[PDB]
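Just one chain follows, in the form deposited without ligand ABN, and it is written as structure tokens.
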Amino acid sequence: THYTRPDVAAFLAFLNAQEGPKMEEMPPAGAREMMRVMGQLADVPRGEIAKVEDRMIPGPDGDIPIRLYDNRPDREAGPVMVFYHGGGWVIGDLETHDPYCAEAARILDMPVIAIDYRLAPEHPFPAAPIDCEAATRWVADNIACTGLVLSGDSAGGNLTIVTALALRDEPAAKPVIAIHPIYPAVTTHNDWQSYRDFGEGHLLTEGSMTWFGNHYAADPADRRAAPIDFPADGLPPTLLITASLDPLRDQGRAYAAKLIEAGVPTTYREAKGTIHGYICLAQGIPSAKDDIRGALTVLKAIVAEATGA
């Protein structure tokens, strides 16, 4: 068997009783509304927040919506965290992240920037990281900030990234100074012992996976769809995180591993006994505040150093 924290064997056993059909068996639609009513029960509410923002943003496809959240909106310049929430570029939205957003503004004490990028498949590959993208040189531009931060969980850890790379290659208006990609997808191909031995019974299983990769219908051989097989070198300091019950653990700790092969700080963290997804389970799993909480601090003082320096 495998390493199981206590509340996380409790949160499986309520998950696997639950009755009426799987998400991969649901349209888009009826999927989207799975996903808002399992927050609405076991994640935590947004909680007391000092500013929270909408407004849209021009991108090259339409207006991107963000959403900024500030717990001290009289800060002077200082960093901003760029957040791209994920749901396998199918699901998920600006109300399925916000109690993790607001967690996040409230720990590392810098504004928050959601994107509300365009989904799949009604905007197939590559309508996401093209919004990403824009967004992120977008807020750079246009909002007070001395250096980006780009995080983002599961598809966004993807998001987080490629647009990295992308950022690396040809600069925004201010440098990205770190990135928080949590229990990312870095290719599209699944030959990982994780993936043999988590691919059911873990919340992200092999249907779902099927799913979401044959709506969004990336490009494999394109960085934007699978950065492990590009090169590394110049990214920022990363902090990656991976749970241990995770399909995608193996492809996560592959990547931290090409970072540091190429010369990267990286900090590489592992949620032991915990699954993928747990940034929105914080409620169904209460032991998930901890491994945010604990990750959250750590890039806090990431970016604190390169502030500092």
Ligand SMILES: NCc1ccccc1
The other form holds:
Protein chains: 2
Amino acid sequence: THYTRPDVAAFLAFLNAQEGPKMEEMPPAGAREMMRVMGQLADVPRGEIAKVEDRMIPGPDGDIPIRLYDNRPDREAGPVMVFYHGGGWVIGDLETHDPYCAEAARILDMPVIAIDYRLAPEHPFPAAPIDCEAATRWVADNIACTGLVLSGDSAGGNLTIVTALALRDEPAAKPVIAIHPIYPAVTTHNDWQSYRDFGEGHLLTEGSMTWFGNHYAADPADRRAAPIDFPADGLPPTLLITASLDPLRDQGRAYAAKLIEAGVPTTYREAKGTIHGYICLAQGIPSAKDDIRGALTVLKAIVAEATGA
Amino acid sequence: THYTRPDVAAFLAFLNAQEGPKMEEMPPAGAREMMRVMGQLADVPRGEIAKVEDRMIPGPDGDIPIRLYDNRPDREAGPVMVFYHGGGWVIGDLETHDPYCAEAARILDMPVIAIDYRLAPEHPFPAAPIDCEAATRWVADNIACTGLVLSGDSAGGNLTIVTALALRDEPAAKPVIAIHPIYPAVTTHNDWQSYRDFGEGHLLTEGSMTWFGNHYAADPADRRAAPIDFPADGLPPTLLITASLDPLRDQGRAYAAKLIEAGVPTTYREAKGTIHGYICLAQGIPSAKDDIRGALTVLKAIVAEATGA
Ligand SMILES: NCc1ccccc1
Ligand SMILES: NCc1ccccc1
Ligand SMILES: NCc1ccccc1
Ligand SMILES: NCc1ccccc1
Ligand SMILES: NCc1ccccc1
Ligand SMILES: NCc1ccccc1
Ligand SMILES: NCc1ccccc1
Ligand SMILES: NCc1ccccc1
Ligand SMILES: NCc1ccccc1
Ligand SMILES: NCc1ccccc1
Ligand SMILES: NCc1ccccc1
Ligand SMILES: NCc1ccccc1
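Can I have the other form now, the form solved in complex with ligand ABN, not the form deposited without ligand ABN?
Full assembly next; the chain just shown is listed first.
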């Protein structure tokens, strides 16, 4: 039917055989625990890294936790990545995406600063965008860097694009030199062939998407929810990656196409035969390691071209 | 106004001051000579390269001249680039694009084979696509290689895409690994904002485009003229570059967007503040050297990822 990598199909079959409630049948605290446990079982470890540090920074509606990863702390000032995790604006935290952030720091050879932004339903829309924009501006002001590289997965891919638009309109202390949205959401609408094709049996389901969206309570007319409905001109060079079996695939394609139509230099990658969520499934789906390394190698080159110009 | 690099504006002012007939006021033989002279004055030299060889190959209508460039002739079999020069399907030859082809061979560290395909009006459409396809199949059958990288500028960027579509539908003896259309034409129509904005004073003009089109006499309904009107699914990884002051810019953007909407892995670059034809203007417009190097560095990486998988 649809091209599926053998290791991905193996993982889906393992998923399907598990007993216990679906995420959508759980309170937020249970869902949060489910994702932590899934990462413990199906993601790789942090691995060796020179420096990881946690602190709190000021934010407009309270303090924001952030985590710095750096495998070469005696570096000269250069690019810094600011990372927003996924989790449907409800789940995920600094631990769920810790393996990926450490790997990104190692491959990219830049510091990675992960943001622990406020989550729904305790803090509904627009808390996540507000925190992500404030933390990103804080990094520009307070960290030695020459420019910012924004990135994140899923909900965090949404936040990447939203925050890049915010900084385009009102620059931070340092420019955004590149962005890397990973299987992002860019609209609330579901009128996509990929949604029809992959909205069941591929981890991110119609059920889970409804559950997340009901808790987040986004305004579908606000650019901070639905950036595809707003001009993309003047955004930084973009690396956008989708997964081929992902309900969100077609909207990601559409956003990348929109960037190109606005003259934004754009690299589009599609992880063929894998699913939404792969960046935190690198033990369960070993091929994810190649998707991660592939994309980050290309991002490192985009950033090098920017810093060499 | 429109963003123009200072060195580009300098070159346009020099162009504007030149006396003598416009290309479109000339017979084809005169236009051909004009382009050769322009390259002698405004392009860099071939430079040092280990091997350049000429031969004839058997094409459908007679001998097709080809030229092989290789800076490492003792190499093991690997990818080979097949290059189709531009010139509006009327002008250009193996000398007009010789500096670029030698530079491509040096940077890519692969052999480059340039094709001297049949030109209009002596040989109208579809002679050029026929020759380009036949020569590409010849290379796959007769040159030691593992796969093909197709590339070309302007009319040659059209021929890149058309040839890749033909080989998708009926594979050659070696797969097409990647394609690199450079400021391509992908349709016969002129309903584009970039055409209205840059159709005068930026080298490729409304007048020259009409003159080329009239000689080539393409069928606007045929995929070998207007690839944008036909499915792009299943094409190889694509690096498409445009120039920001080019009448063809918007159709190039549109074709790259179409590739992404078909799931083709696509790298889109836009040479900001420069014109159509820059790859043969690297002495007149020194910044063209950076546009050339930047694209070929990216292409080298695309090919390495393909061949490493
Ligand atoms: N050195 C600033 C910092 C510390 C910890 C986490 C993020 C940023
Ligand atoms: N984007 C976080 C996620 C992954 C898989 C399933 C649901 C949510
Ligand atoms: N961020 C995961 C997601 C996508 C679409 C709708 C709801 C949740
Ligand atoms: N339906 C949830 C959602 C919210 C914001 C952006 C995309 C999707
Ligand atoms: N130093 C490059 C340059 C030349 C002319 C005008 C502006 C800039
Ligand atoms: N001719 C170089 C230059 C351009 C602008 C301002 C100062 C110097
Ligand atoms: N020295 C004459 C000149 C300089 C730059 C571009 C065109 C012509
Ligand atoms: N006689 C060798 C050769 C091969 C390809 C192109 C030119 C020459
Ligand atoms: N292929 C357009 C063109 C015309 C004249 C000189 C250079 C380039
Ligand atoms: N109008 C000239 C032309 C011919 C073929 C393809 C594109 C443009
Ligand atoms: N290949 C140069 C060109 C483009 C469009 C129309 C005519 C010629
Ligand atoms: N960049 C000076 C120049 C202008 C025209 C032709 C050759 C060189």
